[PDB]
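Protein chains: 2
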Amino acid sequence: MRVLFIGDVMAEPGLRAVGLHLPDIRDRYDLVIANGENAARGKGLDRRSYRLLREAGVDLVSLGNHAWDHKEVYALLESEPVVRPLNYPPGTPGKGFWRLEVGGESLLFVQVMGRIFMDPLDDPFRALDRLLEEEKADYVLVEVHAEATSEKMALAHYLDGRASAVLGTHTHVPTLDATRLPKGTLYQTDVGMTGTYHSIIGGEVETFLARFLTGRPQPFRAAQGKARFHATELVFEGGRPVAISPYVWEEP
Amino acid sequence: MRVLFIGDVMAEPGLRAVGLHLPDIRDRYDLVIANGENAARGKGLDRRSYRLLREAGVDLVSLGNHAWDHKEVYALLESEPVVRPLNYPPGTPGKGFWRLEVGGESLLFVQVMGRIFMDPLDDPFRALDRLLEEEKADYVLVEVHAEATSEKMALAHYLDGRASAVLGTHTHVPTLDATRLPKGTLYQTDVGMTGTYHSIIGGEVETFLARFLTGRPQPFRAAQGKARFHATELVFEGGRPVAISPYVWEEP
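Residue numbers (the authors' numbering), protein chains in the order written: chain D, 1 to 252; chain A, 1 to 252.
Some hints could be false.
Here are the simulated EDC-like pairs of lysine to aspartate or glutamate, each with C-alpha atoms no more than 16 Å apart in a straight line [as the list claims (entries may be wrong)]:
(1) A:43 to A:69
(2) D:183 to A:206
(3) A:71 to A:46
(4) A:183 to D:206
(5) A:95 to A:105
(6) A:43 to A:204
Treat the hints as calculated values from the structure; they're not laboratory data.
Isolated chain D, as found in the complex:
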């Protein structure tokens, strides 16, 4: 099977890039997965954004810690192809994984959340052991939403030979390190954000700068401008991880 994972869809720019370009390339994949944690104006996921992602060809959407920003996410999380970090404590709405079926083969998608430099949560390492224990598929893709590169790599290595591929997100900047670990698992530190980089982490330049220059609070505002579409191609065949390719498209 051929899978395309779309990195963090920011606000309008991110949504526009996906809706504008994905249709032109959907023919090339069996499944498309995209992180839509900030798909709604730069904060949370809402019904509108979700429908737009799906209409562009997205089969499954992952979140992050900005997942509870909208009340519209709960409805989505319980009846739609949407997943929040598995890493969350018991009694947390939604699912931490999703099983995708395609042409006789299955793919288990798991999103997990890093802990260093972030809010304390369940051990992502052992949460993955428990999940891989009771859930089997031909291929396993694990999204590591985290700040620390070492933590992402520690998870990749801990998952080597078990997961088919491990892709990191949340850092909003694409990495040039796509490779395969010793036991054959594909890995990339960060797929990057899809949205406009004519910003600072997707936020409005002056607003974030003021945030850094004054040390005082600043209303979050999403930047607007031409965007970039960042995703990573993954090929899985023979129960094996075959290739990983960072992809990029620019809004004319």
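Following the hints, position chain A against chain D.
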């Protein structure tokens, strides 16, 4: 002038890569700068590491938060082309910037330390303002050694039009976002590490994997393996930043 910035040279592997490869391409540049903060076994810069980097063709070595690990740096800081973060408080040994000379033109190089998810230091934003006011040069290259991508992009935009180029480091993974800001400043979140990626951030996989699984301390151990040479090329001509290009060389 053509400047080459070699990203965080890790341990012996990093050193081996620069020693073997830099000599082969040195003639292509007027200036070569390399972050050597982890050059000594992974922690600090010693006489052997520095001498090796200089022998390969490195004109100026930068440090960072691991600059004080090896006490041999203090003597190096007083007489050799070595700089530590400008960001540090008064009374800190060594210089925080350095002026290089080529073909009559001048290059002001400055390294600055990030503050988010790091030990608190002076405001780098206003520190750069103070430096750029008193120090002038045909060109200005700023190294932003930080963990947070938002802080690196914030420093880049605050420096737009003022610095010829702004390159990030400390993350140990090259970013595929080399571009130019509105006022013409060249930028890149992270040049990446030069050393063996058959590890995690350069440490032995088991060691760091044990740190995440047990939550108990593990002394740091540098990993040995085949290394990669990661750097970024900078073209400065006519007094304007002309181009930025990530560079890669794999050790066979």
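So, going through the hints one by one against the coordinates:
1. A:43 to A:69: Holds, because 6 Å separates the two Cα atoms, which is no more than 16 Å.
2. D:183 to A:206: Satisfied, since the Cα-Cα distance of roughly 14 Å is no more than 16 Å.
3. A:71 to A:46: 8 Å, holds
4. A:183 to D:206: Roughly 15 Å between the alpha carbons, so the hint for residue 183 of chain A and residue 206 of chain D holds.
5. A:95 to A:105: Answer violated: residue 95 of chain A to residue 105 of chain A is near 21 Å, above 16 Å.
6. A:43 to A:204: Roughly 14 Å separates the two Cα atoms, so the pair holds.
Hint violations for this structure: number 5 only, all remaining hints satisfied.
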